[PDB]
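Starting off, we have a lone chain in the form deposited in one PDB entry, written out as structure tokens.
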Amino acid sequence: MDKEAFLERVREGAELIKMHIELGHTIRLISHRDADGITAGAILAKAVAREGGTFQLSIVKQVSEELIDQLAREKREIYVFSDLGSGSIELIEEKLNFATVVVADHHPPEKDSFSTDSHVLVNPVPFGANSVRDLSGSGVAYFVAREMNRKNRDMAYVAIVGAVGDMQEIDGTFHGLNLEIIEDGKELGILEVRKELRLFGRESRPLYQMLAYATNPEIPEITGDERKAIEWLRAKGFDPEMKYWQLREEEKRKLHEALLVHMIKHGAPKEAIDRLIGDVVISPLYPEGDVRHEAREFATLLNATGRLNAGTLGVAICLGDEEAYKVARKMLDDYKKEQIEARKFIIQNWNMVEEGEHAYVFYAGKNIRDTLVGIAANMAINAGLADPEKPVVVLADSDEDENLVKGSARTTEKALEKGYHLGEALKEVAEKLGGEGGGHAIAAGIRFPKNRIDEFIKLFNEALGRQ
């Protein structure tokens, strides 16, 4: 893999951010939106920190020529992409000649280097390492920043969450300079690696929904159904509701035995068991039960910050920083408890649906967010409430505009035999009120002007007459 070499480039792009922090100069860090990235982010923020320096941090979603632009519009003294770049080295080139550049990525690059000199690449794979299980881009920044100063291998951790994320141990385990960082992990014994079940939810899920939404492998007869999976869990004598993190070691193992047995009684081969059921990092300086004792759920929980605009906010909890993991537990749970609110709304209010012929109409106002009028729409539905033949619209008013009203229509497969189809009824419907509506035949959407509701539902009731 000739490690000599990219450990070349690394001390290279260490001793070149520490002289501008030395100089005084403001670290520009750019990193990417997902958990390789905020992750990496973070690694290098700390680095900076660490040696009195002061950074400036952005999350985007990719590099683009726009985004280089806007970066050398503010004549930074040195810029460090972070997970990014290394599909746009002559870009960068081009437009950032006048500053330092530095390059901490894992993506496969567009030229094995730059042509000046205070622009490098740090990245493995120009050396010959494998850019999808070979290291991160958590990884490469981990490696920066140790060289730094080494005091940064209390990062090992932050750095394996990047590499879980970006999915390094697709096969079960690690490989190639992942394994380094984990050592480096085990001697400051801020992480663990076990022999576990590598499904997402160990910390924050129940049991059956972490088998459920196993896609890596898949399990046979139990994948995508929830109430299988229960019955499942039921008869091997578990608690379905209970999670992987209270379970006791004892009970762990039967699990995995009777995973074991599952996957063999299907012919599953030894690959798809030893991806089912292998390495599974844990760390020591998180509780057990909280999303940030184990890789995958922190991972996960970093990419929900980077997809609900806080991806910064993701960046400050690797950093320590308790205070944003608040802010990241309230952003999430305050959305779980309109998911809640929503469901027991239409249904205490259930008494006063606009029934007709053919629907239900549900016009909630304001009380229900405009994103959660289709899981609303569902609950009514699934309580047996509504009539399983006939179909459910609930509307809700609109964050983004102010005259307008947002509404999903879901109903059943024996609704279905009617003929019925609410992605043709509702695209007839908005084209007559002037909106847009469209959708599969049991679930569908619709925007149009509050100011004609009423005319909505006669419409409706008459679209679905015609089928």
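Positions refer to the first chain, counted from 1. First, how it differs from the form deposited in another entry.
Put simply, the chain has two rigid parts that turn between these two forms, and the hinge between them is at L332, picked from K95, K270, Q62, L332.
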Contents of the next structure:
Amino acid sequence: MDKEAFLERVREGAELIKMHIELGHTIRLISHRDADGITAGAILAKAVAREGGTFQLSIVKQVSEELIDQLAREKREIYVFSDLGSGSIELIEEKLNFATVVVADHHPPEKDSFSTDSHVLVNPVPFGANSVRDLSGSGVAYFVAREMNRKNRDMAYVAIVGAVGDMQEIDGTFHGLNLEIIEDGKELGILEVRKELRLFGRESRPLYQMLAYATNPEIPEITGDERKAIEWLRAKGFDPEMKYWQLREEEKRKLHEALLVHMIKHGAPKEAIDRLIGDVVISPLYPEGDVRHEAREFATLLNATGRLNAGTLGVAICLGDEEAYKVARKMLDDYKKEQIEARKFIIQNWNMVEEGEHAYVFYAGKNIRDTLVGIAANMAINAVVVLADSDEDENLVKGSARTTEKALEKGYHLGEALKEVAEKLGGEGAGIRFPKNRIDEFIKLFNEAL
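For comparison with the form deposited in one PDB entry, provide the form deposited in another entry.
Just this one chain is shown here; partners and other molecules are left out.
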């Protein structure tokens, strides 16, 4: 993997950042929206702050031409892209040529490096590293921060959270440079690796829900149906209302044995069975039973804050801000409540939908928020197109369409035709935004679209 050649780039980028900090410049950080990007941004923000420097961090959905235009118009001395940028080397080199830029990323890059000086690409991939298992974005951010200052090793766990968010340990164990990071954590006592049930929900979920929506691996005849999960858990002598962390080690072992027996007996694939028990990263820095205590659960929290346009709040959580954790809990709870109320509203008012030859259309008005549209449609299925007035715009309606394989049996491709109708109505086209005064015109154009 030629680690020395990668470390050369790492040291270069780190040195650049430190140089600009010592010059008193504002380090302009830009990172991605998921757990990997949020943890990366946190790591770099702490790296800058620890040197007594000044940063400005933005958590974005993706690097776009418009975003690069905005950043360019900002006229900074230095831009650092985290978990982003590799697919946009020329763009960044084109519009940010006037400034120092560092790209710390792990996605397969458009080029091997930048062509001009003062622009450094810190990416393990051009050195032979596997993008999806050797290091995540937060991982390379961690390497850079560590080269900046060894103290930043105290962010190891944070990095690993990102790593788990990026599913770098999809096969039940860590690989490549990730391992290094893990060791750092181990040396500090800020993380530990357990051989346990790799499923989501060991900290905050009842056993029955931990089994119910288990993916990677999936549990045959248990995944999906919570009732069967409850029955199965009561049968094997477990408290289905109990949480995994509350189990003793022997009880955990018995759970593993029982689940493995079940999956073998119901013809689960060997890979899935081999992925049931494996590495699970824990941190003594947080109380057991807390979502931050385990990497996957922490990553789940962060992703959740990311989707609700509060990625920076998640960053603050990674930085050790308890207040931000509180606010985030409140926010997620309120969101959940909104979801419940949306389900209740749409089920109670299913008498307002429009009967189509190819689709259903439910206009909720202002009663269901934009973001809740899609999940509303699904909730109308598990009990289809939903529309709602946009909160941002005023003359705009945002809508989402959901469907199953039974529809795919005869094409019925939603995203295909939705693009057509959105094109006809003068809107973007999956989900669709279009003029509120053309809803009727949408409906007719959607039945014919399929």
